[PDB]
Amino acid sequence: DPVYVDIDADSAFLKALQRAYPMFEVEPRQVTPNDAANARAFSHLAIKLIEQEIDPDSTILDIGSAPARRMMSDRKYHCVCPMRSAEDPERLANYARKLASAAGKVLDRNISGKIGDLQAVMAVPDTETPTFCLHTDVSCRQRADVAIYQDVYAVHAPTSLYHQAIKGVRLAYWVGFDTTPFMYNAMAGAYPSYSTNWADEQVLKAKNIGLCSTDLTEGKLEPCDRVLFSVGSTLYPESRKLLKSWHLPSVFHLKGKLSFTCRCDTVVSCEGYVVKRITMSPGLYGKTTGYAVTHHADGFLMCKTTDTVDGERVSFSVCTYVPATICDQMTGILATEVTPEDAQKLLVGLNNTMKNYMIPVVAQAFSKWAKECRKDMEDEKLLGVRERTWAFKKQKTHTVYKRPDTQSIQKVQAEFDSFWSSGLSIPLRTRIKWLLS
Amino acid sequence: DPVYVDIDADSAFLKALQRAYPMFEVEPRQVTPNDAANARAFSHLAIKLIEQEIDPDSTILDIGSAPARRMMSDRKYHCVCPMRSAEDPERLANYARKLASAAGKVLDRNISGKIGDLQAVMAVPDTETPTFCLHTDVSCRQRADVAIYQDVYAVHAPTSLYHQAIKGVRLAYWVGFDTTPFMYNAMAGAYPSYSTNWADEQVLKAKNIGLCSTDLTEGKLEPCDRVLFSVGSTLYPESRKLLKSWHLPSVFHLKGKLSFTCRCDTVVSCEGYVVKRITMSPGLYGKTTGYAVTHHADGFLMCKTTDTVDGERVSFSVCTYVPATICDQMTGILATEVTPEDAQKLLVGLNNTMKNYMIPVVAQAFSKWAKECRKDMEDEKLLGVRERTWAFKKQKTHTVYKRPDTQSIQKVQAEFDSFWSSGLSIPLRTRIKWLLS
Amino acid sequence: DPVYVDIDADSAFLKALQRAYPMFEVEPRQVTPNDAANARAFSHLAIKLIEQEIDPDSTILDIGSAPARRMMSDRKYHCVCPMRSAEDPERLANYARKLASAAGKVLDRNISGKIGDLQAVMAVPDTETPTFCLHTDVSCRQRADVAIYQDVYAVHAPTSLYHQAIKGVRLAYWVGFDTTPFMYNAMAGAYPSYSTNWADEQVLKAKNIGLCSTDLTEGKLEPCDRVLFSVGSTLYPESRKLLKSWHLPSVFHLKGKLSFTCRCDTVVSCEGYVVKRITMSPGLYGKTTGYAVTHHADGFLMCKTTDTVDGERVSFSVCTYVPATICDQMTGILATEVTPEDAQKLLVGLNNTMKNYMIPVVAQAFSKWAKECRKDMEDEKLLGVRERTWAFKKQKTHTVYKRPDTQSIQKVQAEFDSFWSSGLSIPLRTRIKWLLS
Ligand SMILES: Nc1ncnc2c1ncn2[C@@H]1O[C@H](CSCC[C@H](N)C(=O)O)[C@@H](O)[C@H]1O
Ligand SMILES: Nc1ncnc2c1ncn2[C@@H]1O[C@H](CSCC[C@H](N)C(=O)O)[C@@H](O)[C@H]1O
Ligand SMILES: Nc1ncnc2c1ncn2[C@@H]1O[C@H](CSCC[C@H](N)C(=O)O)[C@@H](O)[C@H]1O
Ligand SMILES: [Mg+2]
Ligand SMILES: [Mg+2]
Ligand SMILES: [Mg+2]
Ligand SMILES: [Zn+2]
Ligand SMILES: [Zn+2]
Ligand SMILES: [Zn+2]
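Residue numbers (our numbering), protein chains in the order written: chain A, 138 to 574; chain B, 138 to 574; chain C, 138 to 574.
Everything labelled a hint here was simulated from the structure, so no lab data went into it.
Hints should not be assumed to be uniformly reliable.
Heads up, the list lumps identical chains together, so a pair's fine if it works in one copy or across two of them.
In silico DSS-like links for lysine-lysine, alpha-carbon gap of 27 Å or less [to be verified]: (1) 530 with 482; (2) 518 with 357; (3) 344 with 531; (4) 378 with 531.
Kindly produce the complete structure, drawing on both the sequences and the hints.
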């Protein structure tokens, strides 16, 4: 009945987890000093919930999978496992090792069948087995009804979903980080509850952001495609286009040789991690608007800041998340004009609910926001009238602040109409064959 | 005997629910983290009360229905289900799935008959069955005596009611959001107890309203038909004309080939959600005035505010709801002239009874209202006399404030005299047929 | 023995009810969220008391009745039910439905006879039965000895009473709102204990009265016949002439072909609701004066106020009721001159005994009254002398204040000498016939 997570029994994250999964009983049982524990716990609980949702005797496609995670499960999984990243051979070797280790002690699972399928794929690499294949998402021939994406950021979402749908899949899930900070086009940012920082490749030599490094000395800039992610002490390169492609609107159409109508919604949300549910049906129905909405339970901040990159002083924008209680407790102070130092002292007085290294920039954002409010109250126009004497002036905005219980809305695309080699090596196949034997 | 609702046991909304349904026993039993829970609970209790009102052995038309909600009920429902929105195929598939799942475990309900009717409609799409059809409201041929509208905002009320009445219906119900803010012709607004914000399509790029999104930068306007609604994180487009059409007067006439006299009244009201009861009788009787009345148990505010839309500074009107206790506790302060900052500090001191993101604009409205009162006391006219020396000046009004235990009144129309394709697809029909089997 | 009322067990109104009916035991038993509960409770208790007064085996005429209210009573009622308003067909249908529902379960009442009379009237509409007819008050042929008017404001009182008296009626009762504010000729007013506001048709676009509605903008008047009443959220149009006609003097004469001497007195009075008892006797006796008296247990206020109607600033008079304890506690302050703001703060300090939305205007009235007193003390005349040098000046009066334990007196008329179609439809008759069967 209860679910066990590998975090310390005194952490404050546990509270939040119990709020996000009220249908479970969460128990802390710590065994490793892992520095990316919270993300692992969230993914574990998400998979538990998804399994509890769908009915048995349904085959499930696992896109970009690590097979060792699905061994002790009683459901039917077909793992789609190409070898495109540098961490895949180790995952395959670990899977083979774990399969060999427990060969007669566990009998309620299809262990012998799994070994047979692995050996068959090793012998001939272009064959589909009930539990394994070596193709990509757009070339696997297996037919199923459910698909799952877990921490997959390297595919174009509409094309992948269309190729999943033309094979009879009616339900899909997606687990990963929230894509909202990338629709605002920021330079760098943090997910502080998960110990995650990310930065654009051009500001890696800054001084006072989460992920940077610089030296000692005596004495156009716009976002690009390539981004670096750091979860704990693990590094991942990412692309802005593919991250943006997963920010889907509420309803959309897929129009090719066959046609489908699909809808997407968010079912779990905890401080930056989300779970998305997508349903697809045959035929065209209704009409689309092209808007995507995000609900904010915490505060979301984006602001402009000044730093030195490689010794040269520049300015760019950063984003972060703020707990709701602090935002509620700062309501009265922001009615006047306040300097950044006083705001910093007040925030330190209220605070650990939030990480300290993020405080100095937050205090700089609030101070600006309040000021921009006062000016609005002092230059009051007339109702239903615009002045455009033919040019009109644009005011300056240095801060965007989405308070708890508000919503963001953005215009995206909603109509889509436009949409092999083994890669393995002889020594790796021989090693796997010997490991199984 | 008791009724269970899917909200947390510590929420303050529960209190209000117990005040709106004093004939029930409300128990919290939370199973999902749904962010639109309060609206669902209100709708659930409303349906329970309506069922407890009318007598059994009466057939009930369900206009624009989701059939899966009526499966486990012992009453007789005829669901009118066209496919005009993009969320309908999924609802139909869910209905078929739920019907198939419980086929022999539940025997007190007409499960087998429901399956037979669904299969018959799938085989031929232009046939009426006792529990299902695929026509619209003005083309269904079934005869009944009660009709129900649940969260239906996309029909013209007099025409629909006339077509319901010429078929022998004598009673109707309507559940939805209050239409008063749209008779005042506001730009944007909030229902804060239900986590709902709405805005006109022209101000979606503002900065400091509930539903908007903007960017960072260095540097005639009147309401239109199209409106956007956001309930939790679900988005709905709406039209002002159809929303306004449901704000009916106390008595009205329907004059066509046959004639009817009808009357409408509000029976449940909780912070923005209402239940309306309409009765229709044959023949013409009495005479009409054309007025509609709203009773305010909380405070209702409408005020003018200044913002920047896409960088350009403009002014427009917003509306909101205020709890009665705060309004009662602000009576003494508003006897003098008060600045917005002092009002903001006082409101924060009194406050969480109300959401904080709504406070800064409320504090701006009160401050103006009080000032407009003082001027009235300082320019006193004579009894029963008007000055029109031929033009007379009009004063300026920046705030409308309806205090608890007051009433709004508005002039509307009260005399009405002026009032098909399957749309389904072969793959969807085949999928439903296979799902049932 | 005890009487049950549909109000909440914590309301302060209950106290007052127990003071008005000391011969009963009042118990709260709340079942509906009705917003006009207090008026319903008062009417219920009034009917109980009237029934307890008169002796049995007397037939009672019920003028302008709703028959469903008299079904479960053991007395003999003859209901006079024309169809002149738009709410009558629904009342008739409800009566028929309730009659059909309990046809064999209740046997101590003349249920079968009631059904027979209803069917007979349906068959032929111009016949009198022991319990039903379709005529007006001046055309019913039934003979009785008691008549009852319950919330009837649409008849001319002397003519109706004469036509009741020429048929052998010797006693009559009247239940309704107090008519005193209409003999003072006010523009608008409130009954705050019953959640009732009323206004003249010409000031429906004001801003700061109980019943009004206005908009946002940048920039002879005398009372007329038509008035609007709002009880909770129910709207009723009324005429000033017919309301005034029910303010009868202590003794009066009816002189026609036959002659009668009648007298009227008030027997129950609670914060605006009254019960009146009228007795009529054959022949002419005594002589009349033509005065009507009202006793005040609470404070009654009438004052001049300034507002904006449709944007134009005007002045008119409003009236209200004030609890006796507040009036007693303001005696010492009103010995000097006091500003409206100080009076508002003092009233808020004393106050919830009274509704807050009525406070700002009350504070404005008191402040004026006190001032008008000081001037009187500073311009002192001689005993038994008038100055009329031939014109005399008239002073200005802006407030009328009737304190508790005082009496109003007014001159009215006391000598009176000057005093049909079915209207039903075939479909309604058929519907009633089918409902009974
Ligand atoms: N086009 C494609 N189709 C299917 N899988 C792909 C793919 N491109 C990359 N991948 C795989 O996606 C994986 C992302 S790493 C994610 C691994 C796994 N989901 C986990 O939870 O750890 C990589 O191993 C890569 O091999
Ligand atoms: N003219 C019409 N007649 C009948 N139904 C209509 C209609 N126009 C739209 N509808 C239906 O009304 C529905 C509104 S969505 C409401 C669904 C349901 N009442 C619920 O509680 O969830 C849509 O599914 C749409 O199919
Ligand atoms: N001239 C007349 N003679 C008798 N009844 C009349 C009348 N004019 C109007 N009425 C009736 O008086 C009623 C007033 S509404 C009052 C209904 C009832 N007394 C109650 O307590 O609810 C209307 O239904 C109308 O039909
Ligand atoms: Mg690791
Ligand atoms: Mg939902
Ligand atoms: Mg009513
Ligand atoms: Zn495969
Ligand atoms: Zn039908
Ligand atoms: Zn009669």
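Against the structure, the hints come out as follows:
For a Cα distance limit of 27 Å, the shortest separation of residue 530 from residue 482 qualifies neither inside one copy, at 36 Å, nor across copies, at 33 Å. Within a single copy, residue 518 and residue 357 get their C-alpha atoms only as close as 36 Å, which misses the 27 Å cut-off; across copies the closest is 13 Å, which meets it. Within a single copy, residue 344 and residue 531 get their C-alpha atoms only as close as 32 Å, which misses the 27 Å cut-off; across copies the closest is 14 Å, which meets it. In this homomeric assembly, residue 378 and residue 531 never come within 27 Å of each other (Cα to Cα): the closest approach is 30 Å inside a single copy and 34 Å across copies.
Checked against the numbered hints given earlier, this structure breaks hints 1 and 4; the rest are met.
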